[PDB]
Every structure is written in C-alpha cells, then in structure tokens.
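Here is the structure we will look at.
Right, chain A next:
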Amino acid sequence: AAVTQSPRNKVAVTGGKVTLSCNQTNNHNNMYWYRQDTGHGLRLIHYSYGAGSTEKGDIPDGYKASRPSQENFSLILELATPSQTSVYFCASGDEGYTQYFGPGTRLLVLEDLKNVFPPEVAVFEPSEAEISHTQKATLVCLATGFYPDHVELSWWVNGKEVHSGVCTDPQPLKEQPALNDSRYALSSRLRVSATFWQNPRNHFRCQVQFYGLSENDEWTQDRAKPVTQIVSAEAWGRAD
Partner candidate 1 sequence: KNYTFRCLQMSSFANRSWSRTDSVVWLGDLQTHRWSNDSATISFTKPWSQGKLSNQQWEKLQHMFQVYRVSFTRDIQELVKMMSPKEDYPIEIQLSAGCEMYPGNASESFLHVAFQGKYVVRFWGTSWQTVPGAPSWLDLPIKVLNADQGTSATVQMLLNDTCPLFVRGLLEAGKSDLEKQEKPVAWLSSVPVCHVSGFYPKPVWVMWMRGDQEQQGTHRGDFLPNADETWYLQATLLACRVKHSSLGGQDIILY
Partner candidate 2 sequence: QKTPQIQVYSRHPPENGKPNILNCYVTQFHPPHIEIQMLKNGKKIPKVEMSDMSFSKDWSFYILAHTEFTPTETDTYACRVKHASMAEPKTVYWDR
C-alpha cells in the first residue's frame, strides 16, 4: 500500500496560491493531511472519508482540502503565509486503523523570489596520492550559489544511481554568512576502488535537482529565470 506526493519541494511567495497533491491507487476511501514542525509531532490539518468529502482536522485554518476523486486529495493554500513553511505529509487507509504515509513535501514560503538561484555544479577528480596510498579513489562534488536549500544531490555511474561509498553533507554552508538571504554551497563524496576509477570506460556524474520557480511564477529581472532544473557535472575514469 503506497502513497505519492507532488511536488517533493516547493518554494512559494507570501499571498500566492499553493496546491500540494497526494495520490494513491490502493482504492482507499480515507485520506489525511498532516504537517510536521520541529518540537511537534505530526498535526492533522484536514481529512476525507471519500470523493466529494472534506473534514476539518485539528489545525485547519489557512488550508482548504479537495477530494475530487478516490485517488487524489489536495491541500490548497489560497494565501500562503510564512507560518505555512513546513513539511506536509499525506496518508491513506481503509476501514482499519493503519494510515499509510507519503514521502513528504517540504514547503518554503518567502516574502519574494528575487534571491532564488540555481546551483553551479563541479566534479573534482581523485588524487593520484590517495590512489597509491589507499588503493581507493574519492570523487568530490560541489554545488555552489544556490537559494533556497531545496536540492537533491545524487551520484550516477554509467547512467545508474549509486548509494554505496556516497556521503552528502546533512546541511549546506552559507557562502556569504553576513548577508541574510545568503546562497548555499553543498558538498558530496563518492569513493570507489582505484581499479574502478582506473577504467576509462566508467562515466561518473554528479547531479543536483534544484527546486525553484515554475512556469506559472512571475519573473521580472535581467538574469535568467531560476526555474526548477537539473544541473550536473561529469568525469571519466583514467589509467593516469
């Protein structure tokens, strides 16, 4: 029994309209909307006992629910406020007490989108010193100058995603920590065997999925619209 949510991250502006969607194909009649905040457990916003029905939860104010079908349940924020910056979870269930939770949606509500920037991505090749010393090769990835911290960094080897030998910073850095709306920098490492890096047939790619502006968002600035995009850098193995 699975639940899907869209989008994964969302950046909105104060007074803007935000729709968080939830989908399930379990033929579950009942669906629920929660928000998770630090120092709090999950709190019920709205729920639904079937298509056409919406019921107020414990903290409904500022939210509207829509159950247009058995599968879809939406959380509508008609006038987004910064207090609605949170992680939103959706769940579904049948007549039983089990609620099957979705993966989440991190929403960030800003005063304006004038400081949104996609990342620059660079891959740094293993040192020959490390190779001879440890018979291991660490690749380093660097995502720089992005805002907000709505990014998913992943490593791809020959077009397939890897998790083994990977470590990404749990938190990004502030590039200009004196400035209030500072851009971030995030780093990640991928360690392989020296003989794996030695193979010139192996293609390494560091990919960063950025969550920024949508087609519907307005943009009146000389620089390119900082839309949701993938930014990546590559490297090929080498005998050298």
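In the analysis below, contacts are C-beta pairs under 8 Å (C-beta built on N, C-alpha and C of every residue); 3 or more make two chains touch, one makes a residue touch a chain; residues count from 1.
Behind the choice of candidates: all candidates are chains of the complex that A comes from, given by their letters.
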item	value
Single touching candidate for chain A, where 1 or 2 all sit in one complex	1
Parts of chain A lying in touch with candidate 1, wherever the complex brings them together	49-50, 53, 55, 95-97
